[PDB]
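There are 2 protein chains.
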Amino acid sequence: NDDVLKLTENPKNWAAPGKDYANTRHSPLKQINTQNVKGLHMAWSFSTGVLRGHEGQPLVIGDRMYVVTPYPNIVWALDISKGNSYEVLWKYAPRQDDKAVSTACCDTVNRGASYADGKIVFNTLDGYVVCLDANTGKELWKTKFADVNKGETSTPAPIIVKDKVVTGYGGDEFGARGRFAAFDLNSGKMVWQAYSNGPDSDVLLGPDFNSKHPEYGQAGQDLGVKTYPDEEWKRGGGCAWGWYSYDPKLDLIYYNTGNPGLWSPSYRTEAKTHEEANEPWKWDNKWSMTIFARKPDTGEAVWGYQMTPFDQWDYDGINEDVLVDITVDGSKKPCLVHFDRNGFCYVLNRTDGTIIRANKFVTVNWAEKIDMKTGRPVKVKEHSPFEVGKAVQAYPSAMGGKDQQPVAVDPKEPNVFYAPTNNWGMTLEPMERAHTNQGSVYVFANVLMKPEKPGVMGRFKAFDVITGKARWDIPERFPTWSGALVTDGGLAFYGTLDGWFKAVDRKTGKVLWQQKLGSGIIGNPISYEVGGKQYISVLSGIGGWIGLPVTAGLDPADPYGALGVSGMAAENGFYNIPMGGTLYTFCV
Amino acid sequence: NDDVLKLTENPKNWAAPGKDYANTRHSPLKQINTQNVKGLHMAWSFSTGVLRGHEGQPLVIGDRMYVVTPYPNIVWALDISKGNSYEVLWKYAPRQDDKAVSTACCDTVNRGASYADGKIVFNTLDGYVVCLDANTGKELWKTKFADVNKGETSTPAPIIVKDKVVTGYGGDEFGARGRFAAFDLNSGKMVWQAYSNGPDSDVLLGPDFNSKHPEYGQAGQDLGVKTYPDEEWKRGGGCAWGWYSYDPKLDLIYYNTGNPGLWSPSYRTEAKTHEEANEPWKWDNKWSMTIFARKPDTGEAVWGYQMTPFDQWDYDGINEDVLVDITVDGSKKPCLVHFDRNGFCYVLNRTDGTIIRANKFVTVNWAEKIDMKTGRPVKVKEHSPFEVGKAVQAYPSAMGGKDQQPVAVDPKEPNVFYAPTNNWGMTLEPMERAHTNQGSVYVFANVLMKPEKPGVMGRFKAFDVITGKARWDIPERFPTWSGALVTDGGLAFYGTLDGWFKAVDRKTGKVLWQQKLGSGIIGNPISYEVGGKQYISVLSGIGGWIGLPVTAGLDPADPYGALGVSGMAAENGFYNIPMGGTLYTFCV
Ligand SMILES: O=C(O)c1cc(C(=O)O)c2c(n1)C(=O)C(=O)c1cc(C(=O)O)[nH]c1-2
Ligand SMILES: [Nd+3]
Ligand SMILES: [Nd+3]
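Line by line, the protein sequences give chains A and B.
Whatever position you read off the first sequence (first residue = 1), add 325 for the working numbering.
Whatever position you read off the second sequence (first residue = 1), add 325 for the working numbering.
One or more hints might be untrue.
Unchecked claim - Derived, one-sided and incomplete: chain A residues facing chain B with beta-carbon distance under 8 Å:
id	residue
1	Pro353
2	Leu354
3	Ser372
4	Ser410
It should be emphasised that the hints constitute simulated quantities derived from the structure, not laboratory data.
All residues carry an ideal CB built from backbone N, CA and C; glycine is no exception.
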């Protein structure tokens with residue numbers, strides 16, 4: 326979209342969820358810098374009137390700001406032309422089906438909206454893709470996309486590519502079937518949809534899909550139905566509830582798929598042993614856990630790389646695909662950096678999916694490494710949950726080395742990424758499958774999480790995606806479940822789950838400014854400019870999967886609660902973090 | 326209470342709801358003043374995890390803060406020893422009966438807690454007087470006082486007298502019978518209770534009640550039975566849901582009663598005309614609308630003055646009674662200043678209730694003045710709603726010249742009060758009484774409100790309670806529903822319903838600092854000191870009666886909703902103020 330390109334190119338705006346199509350989350354503004362960040366102070370705050378995890382970020386287009394709250398997903402439009410104050414312009418309150426609340430696995434969170442040609446597009450938890458007039462907030466059109474009865478809920482933030490609104494949804498834990506569709510920007514009608522599994526026609530494979538990497542899986546083999554048992558692909562997960570990227574020059578949309586569904590691996594293979602089930606090409610559970618590159622016009626996939634075939638830990642691969650150009654191995658190549666849940670930082674050639682680098686960015690014991698030739702992980706049997714009635718320990722836990730919280734990078738130094746990380750393990754015990762009803766809880770496994778190192782759960786690092794070494798490592802008592810933000814002022818912004826919003830030096834990582842906000846910070850900090858002055862805004866309010874024991878009011882005495890999070894939350898004082906929702910803005 | 330006197334005498338604390346027994350709401354901390362307030366910035370914020378109106382204020386004792394949220398009335402204990410940061414000590418979540426929400430007339434608010442001898446006392450909306458251990462938050466004792474089935478809800482903040490916990494409740498609009506009782510600070514029973522009407526034995530009228538002012542009403546006449554029709558006193562209102570004060574030297578507790586029940590005056594008298602109904606001593610509806618001075622040990626009343634006999638406007642007299650010594654009429658007299666809802670600022674001799682001054686602090690057209698000789702208002706017929714089916718305009722509206730938002734005064738200059746004010750009128754149309762069921766809405770009147778002057782709703786004034794003239798008047802386009810705070814740094818603090826927190830100069834009223842918070846401010850600002858640094862804290866989140874159309878989600882197309890607030894709220898952009906709940910702390 327030409328308008329999105331113009332807006333995102335202007336450093337004064339935050340026109341895209343991740344600041345641009347490449348999801349760099351980098352701001353060239355330098356008014357706020359290392360020299361004066363000590364004087365950072367709140368300018369104004371805005372309550373959302375809603376309580377639960379406040380994920381995502383606001384959108385800033387010139388003098389206007391748009392905020393999307395969690396369920397019921399209220400859209401607030403604010404006038405910020407004065408910079409040091411705000412004025413509510415209008416409010417859009419969609420009437421939703423509350424069944425989506427109980428059909429949501431990890432919270433009633435929303436990851437933001439997108440803007441283009443005077444229109445605002447967002448996803449409601451009940452699966453509606455809505456387009457509103459940016460000026461008056463009048464509903465231009467809404468299209469029912471996700472079905473709650475099939476276990477699908479639309480948590481992510483869609484993006485706009487030339488004239489289409491592309492997005493997915495979640496629901497692998499409810500037996501849903503992943504889908505990624507495009508809707509006309511002006512009409513809202515569906516143009517095409519690509520399933521994460523099923524026959525080749527259902528996946529919309531390109532004519533030259535993985536032509537350069539036949540070892541990744543090609544068309545004409547119907548891996549979407551064969552790498553699954555009889556018809557488990559119908560409940561085979563693969564939901565795309567993560568972040569979406571776009572390469573204008575190459576005309577490629579990048580997105581990833583979730584887990585293959587239920588957490589009992591024996592039910593995703595006909596083999597009886599871990600060794601036989603992991604036989605290559607037999608039960609890969611494709612195309613779940615795959616990084617896709619599709620053409621926006623038709624949706625045909627140019628290439629696709631599955632990171633975790635035959636999943637056994639719920640290592641959803643949806644994490645954002647940051648696009649940058651890095652000089653590595655003697656030349657400048659168009660790279661795609663992706664911090665996957667499985668604990669591996671993948672560096673791929675965004676032109677054909679070629680594996681450039683794959684290093685562990687957290688403790689990883691389920692796999693030895695990623696085989697460069699076959700592109701498959703060298704799994705460790707004693708750290709792969711397979712049998713029913715046996716608990717197996719694994720690093721990282723189901724939450725992985727990094728969940729949906731996005732990373733940030735400065736393109737001028739594309740090899741150094743600022744990334745929040747999870748540092749806890751788990752013991753997952755598969756259970757017997759009690760039903761095959763789509764739209765109902767479809768996990769069948771008991772989980773227990775202990776933080777790897779007591780007193781240390783989250784870690785904000787300056788990780789070099791080429792050498793696999795971190796410049797600095799900041800350990801935090803609470804998890805680092807907020808997005809990152811890097812600025813040309815020499816600062817890196819992130820927030821902790823107990824409410825601390827911090828600013829650190831990009832070079833050393835020492836904290837230069839910090840303030841404890843109202844609640845846990847699971848939003849993504851943004852940087853924009855109004856009236857010639859720079860502002861930093863971030864959402865607060867505990868929630869998400871990490872905050873489910875609090876937002877859902879679960880019992881702290883049941884450690885298995887929340888898929889293995891209640892016990893860890895109860896042990897690390899999460900229940901003492903009050904709920905909330907509020908946008909904090911700072912200036913110098 | 327001895328402990329309370331010392332904690333309140335120490336300027337570093339805010340140990341009482343109104344900073345002290347006299348409710349002066351004045352802080353001597355000059356560490357923050359008129360020359361550096363421009364640099365006042367937020368130090369930290371704490372979300373309550375609860376929505377709707379956040380009235381009241383926190384309690385700072387040493388370096389421990391206690392905050393009482395609105396329903397379910399969660400009590401948060403914060404460790405503020407670090408000063409610029411906070412840590413939760415404990416949390417108390419009471420199990421309540423949800424009908425208290427539907428039985429609450431004007432939002433699910435709470436006005437704070439009191440502290441003494443390591444104990445925290447507060448009121449739950451469902452009518453429970455709770456005492457918690459300050460250190461651990463454990464429940465020391467719980468006593469059921471207010472009955473929801475009888476239309477009673479406990480919104481006010483109790484205070485701790487020597488060894489008694491005294492409090493009242495609300496529910497005049499539900500046909501409740503007002504009561505004011507005391508409870509043992511250690512065990513928790515009711516030591517005594519005094520009704521606002523009924524036989525003299527129920528009102529606890531001492532042998533020397535109104536000795537120096539027989540024209541007020543004396544014991545032995547059973548006015549609480551005569552001034553009402555046959556048995557309407559059973560639903561005679563008089564609830565004491567306002568602020569309570571205490572004079573240790575005189576050993577007297579000060580509290581006032583509310584309206585006498587329904588808003589259809591023809592049902593609170595057996596006369597057929599306004600003149601006959603207003604005959605003195607016939608239908609006074611005593612002891613509603615009465616300022617009471619009682620002995621804490623027995624509860625017997627030393628004196629009582631009814632400001633509005635035979636109420637016809639719902640001019641609840643519960644407003645705070647600030648106790649100060651003022652040099653007037655040739656000498657320094659122990660006074661009681663009270664900005665009543667009827668629009669008159671009463672200055673009475675706190676020893677016997679003698680009327681010293683009665684000045685109009687806002688536009689008042691229902692009464693010409695207050696006669697000293699009779700102590701009764703000179704009513705204006707054309708502005709006194711009486712008959713059924715006749716809309717009658719009145720200044721001020723039912724919300725009065727000033728609702729529960731407390732005023733502030735510096736005893737150094739006891740004649741000048743910093744008081745928020747309401748500046749809108751109404752057209753009240755009495756209606757036929759459809760029922761006599763206690764516990765159900767008991768009003769029977771169609772109300773419509775409109776600001777007296779366009780573009781002006783609230784006004785923060787510097788009012789001389791002796792001369793009746795205002796030093797300065799600050800007009801606000803939104804209501805000034807927040808309490809006031811005055812400091813020895815030459816500053817006065819208050820907030821607006823749209824979220825603006827302001828710091829004005831005491832001498833001129835000029836705004837020296839202002840910031841828009843997350844939501845409407847209906848909380849009371851406080852000043853305290855920790856680690857040698859002065860801090861300013863206030864609660865935010867729209868609510869209360871003024872904000873009920875937003876918190877209750879009332880139809881904006883129903884002007885009569887919220888007892889007339891909906892129409893005015895819909896016209897002055899109240900619906901664009903998001904809900905919230907968050908405590909903000911500032912420092913220089
Ligand atoms: O597999 C799915 O269908 C699905 C959805 C979501 C979601 O929609 O929020 C999460 C997950 N899976 C998941 O595995 C996960 O760890 C997770 C964390 C969060 C969050 O917002 O904090 N959502 C989700
Ligand atoms: Nd998942
Ligand atoms: Nd009332």
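Hint by hint, here is what the structure shows:
1. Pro353: Where the cut-off is 8 Å and the nearest Cβ of chain B is about 26 Å from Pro353 (chain A), the hint is violated.
2. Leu354: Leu354 (chain A) check fails; min Cβ-Cβ to chain B is 21 Å, beyond 8 Å.
3. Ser372: With Cβ-Cβ at 3 Å, under 8 Å, it holds.
4. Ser410: For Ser410 (chain A), the interface hint holds, since the closest Cβ of chain B sits about 5 Å away, which is under 8 Å.
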